[PDB]
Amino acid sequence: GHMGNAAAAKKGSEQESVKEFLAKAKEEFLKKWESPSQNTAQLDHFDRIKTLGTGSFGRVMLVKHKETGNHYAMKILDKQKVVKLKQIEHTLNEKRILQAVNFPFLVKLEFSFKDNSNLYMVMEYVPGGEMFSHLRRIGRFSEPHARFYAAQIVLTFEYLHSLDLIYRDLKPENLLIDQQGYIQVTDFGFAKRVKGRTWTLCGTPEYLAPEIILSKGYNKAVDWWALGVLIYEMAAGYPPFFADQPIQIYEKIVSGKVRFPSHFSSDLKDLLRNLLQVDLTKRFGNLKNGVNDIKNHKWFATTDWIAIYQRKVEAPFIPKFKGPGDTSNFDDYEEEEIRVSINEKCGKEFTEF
């Protein structure tokens, strides 16, 4: 067979141990999921320094704790805007997930609180910027470079899926690089606890699995499709399915006809054909062997999974930082004073925050 006796027993024991660690991790998650934390700091505790990113909900600012001197990223959400955009449940769900999970590649929520105008989520500052910026800056990652990042997403999705969470928002724009060159996942607004199927059309066109686009329901396998898209884009410099308009992107996806660059290794193409598999019955990560079909693929043969998890692998790229609070890896945004109203807005809707 493909493995001798020694190899097969080692791999089987390893996989059984993974299951045991995940069962314990799920118990810790569910304890915090059912009894979330709240109001663990206040706005006057921080100095606002610079906007790091901007979105529909509001702003993410670099701040510094006035007492501990530590730097943090503070996501600021305008309650009225969140209501107006009908994002109440997504916002509450993001915070509930962030305070309940624990994994080396998931951003750490340190504090959260709210006032009359806004909700605040204060996260560990990830100073290296988006993977997107670094990918477009150098064009494409070498296959070892892409594999290093891919392995972290594989472990992160294996963790999240064991908690019955579907991530659904994977793309280089949503992956931050930390000071050690490792990945941090920050955005969980689209994540959903799903033990069976779900139906919501959400996410980013290039990264949508066919069964998200089509009216049929879907499950966590859409994240393994999205992993295939990410690996492809990391190694090629562009995604497998693109067009001027999302509708034409969706047509390519549902065909799933993929062309690969001539510099892709045959190992990489085989893996991607099995991740970018339109047939649910055949997609890697969705078979009887689950994620081990991915972890045991020849493209990952040189991947030391424990070492990745333990963050003992030397990163292929370390962002430069000229001191604490360095924002040189982030774009610039229009500053604007945070205005707190004298009147409480949408208090009932955000009681659980």
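Superpose the two forms; the largest set of C-alphas matching within 1.5 Å is the rigid core. Numbering follows the first chain given and starts at 1. What changes on going to the form deposited in another entry:
- Once the core is superposed between the two forms, every option in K79, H161, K95, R147 stays below 2 Å in C-alpha shift except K79.
- In a rigid-core overlay of the protein, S117 has its C-alpha displaced by at least 2 Å between the two forms.
- Residue displacement note: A25 has its CA displaced by under 2 Å between the two forms (rigid core superposed).
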Given for the second form:
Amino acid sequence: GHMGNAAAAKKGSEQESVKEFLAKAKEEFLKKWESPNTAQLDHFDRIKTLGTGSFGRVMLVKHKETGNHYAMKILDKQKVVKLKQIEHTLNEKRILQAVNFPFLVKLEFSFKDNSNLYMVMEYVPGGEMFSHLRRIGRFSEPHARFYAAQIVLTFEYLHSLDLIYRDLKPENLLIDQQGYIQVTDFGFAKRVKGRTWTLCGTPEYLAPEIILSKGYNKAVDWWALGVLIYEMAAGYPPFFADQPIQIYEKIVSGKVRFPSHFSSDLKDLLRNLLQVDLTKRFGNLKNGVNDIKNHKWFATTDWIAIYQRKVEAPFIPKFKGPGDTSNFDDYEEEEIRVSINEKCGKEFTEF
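Let me have the form deposited in another entry next, following on from the form deposited in one PDB entry.
A lone chain is what you will see next.
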């Protein structure tokens, strides 16, 4: 066979140890999920805007008492208007409170006021993968593989807890001071036992079953991993067009073309992740995540060493000190105004 005796037994033992780890991780998650750390806005100084979206912004803040820096996500309750926007914000907070994994950003505080919802996270100063990727063009296959391995392990963890992530893309992956990934933005994450039906995500990363309004499962995250690996290794994603409607048509087609510099091992992995047929998509078969972890493209990956952060990273971001923002792009700095009247109190009671 492909493995000799020694290798096969080591791999089997490794896989049983994963099961043991995930069983303990589920016990810990459920304790926090069933029985969940506030603060207030005046406890922080505003430093700089780190990113912006439709519903608000992420700000570098400095906590007055301790001097620690944090990333504060601010959501305008009055912008969180649509039904699915509201439930998603409750999902995000509850999931972040309860998870614990080396590649998932750590939530420190959450609170709300008359105008806004706030989630205060660890500040990850190395910047978004997105900007580093756009600046360099594309990552080498070894470098893309180092980042991909962290996503594979993170999804193995999340999916074992019945959590789907639903917004993988380079914009959401921060680089920490050791060059490892921190997944941020759990705005689309959800606990799902089987199917779910919300049409949400980012166009270029949507699995076909989402676009086609079919009830879907955690396999959408494995499709998205295929999109991510392709984009990291090529410099652009596999379904690439100026407008979302054109992107959707390419996704549904079942057609992917690869740069001539992609290795055959990489193309094989990607054709099995970017598989429209759910009975054939890697991550969705009888062998689960092991079809991905044991693929030839990952043959050099030491999964435990990645988890332990003992693999040398491709890139260590430069950091001049606490609160450095040099690895982030600049954004318009807009007022953060808090109304004297409570807005949307009833719809956010649970937050």
